[PDB]
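Here the complex is missing one protein chain, while the rest keep their positions.
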Amino acid sequence: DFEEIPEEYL
Amino acid sequence: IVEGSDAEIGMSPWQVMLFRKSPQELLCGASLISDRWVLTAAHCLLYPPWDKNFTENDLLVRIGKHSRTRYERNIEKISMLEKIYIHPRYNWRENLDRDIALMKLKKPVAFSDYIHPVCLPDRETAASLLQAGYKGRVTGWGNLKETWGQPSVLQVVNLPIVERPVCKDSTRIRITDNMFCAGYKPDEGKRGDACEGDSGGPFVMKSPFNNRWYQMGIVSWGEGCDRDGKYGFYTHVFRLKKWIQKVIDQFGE
Partner (left out) sequence: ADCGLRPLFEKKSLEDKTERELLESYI
């Protein structure tokens, strides 16, 4: 349900 | 937030979402109190009865948000945690007394139209504003109902602080001086409460003396959401300010 966030943050 | 409304854009620029990395989900609210410190409820990070015990690496802080679920490109800022600090006398075993924690960010967040710190109360602030009948404001992306929906956008609700005897008579939980309760009574005909997922977010008031917003409370607990004759309970930020001061001057910005 949550939109993907840039992988720089993960 | 049950029975609130959609926030306006930039209405609560200190609002912070605590976001779990995996699975990707909302963990709690939180607030921005400087460019490197974030305030939340201890039980968002540590709560043994639910097997919750997050480490720094398990979460992210999302600041400047409005939509709950969307990645707000060029508006929100996503920050990593350097270190979590829980109150050493947080009481998770019984009543969530001292339900407060700080999180230091790895890097300073830049302020913008959407990202700005809230003030913390001093003794006079608390004495003058924390009175029964004075209203504060609670904000969060938690559930819209005790049981069902979920919001699209940040929600807001204004609620009056409740007399201490009325708080105490509403609950079987032991209430301490580190807590206060807020919400309308049945006879008042207005509603609103925090609900699951709103914990850790701020209860704020706008001083009529200096026109600044102060964070008087932290969403801590409640017996269901928006039930008649129950009230939400908030950590009393001014009572725990010495602890806040001590961790920031020992470790921070």
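By written order: A and B. Residues from 1 in each chain.
As a working rule, a residue touches a chain if its C-beta (ideal position, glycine included) is under 8 Å from a C-beta of that chain, and two chains touch if they have at least 3 such contacts.
Asker: So which of B:140, B:160, B:183 or B:217 would be touching the chain we can't see?
Answerer: Reading the full complex, the residue touching the unseen chain is B:160.
Asker: Quick one: which of B:214, B:234 or B:238 touches the chain that's been left out?
Answerer: B:214
Asker: Residues of subunit B in contact with the chain that isn't shown?
Answerer: These residues touch the chain not displayed: 5, 8-11, 13, 33, 111-114, 116-120, 129, 133-137, 156, 158, 160, 205-206, 208, 211-214.
Definition applied: only the chains that are shown with their structure count from here on.
Asker: Roughly how many whole angstrom separate the Cα centroids of subunit A and subunit B?
Answerer: Averaging C-alpha atoms per chain gives centres 24 Å apart.
Asker: Under the definition above, what is the set of subunit B residues touching subunit A in their complex?
Answerer: Listed in rising order, the residues are 19, 21, 24-26, 60, 69-71, 78, 80, 150.
Asker: Residues of subunit A touching subunit B in their complex?
Answerer: Those in contact with subunit B are residues 1-6, 9-10.
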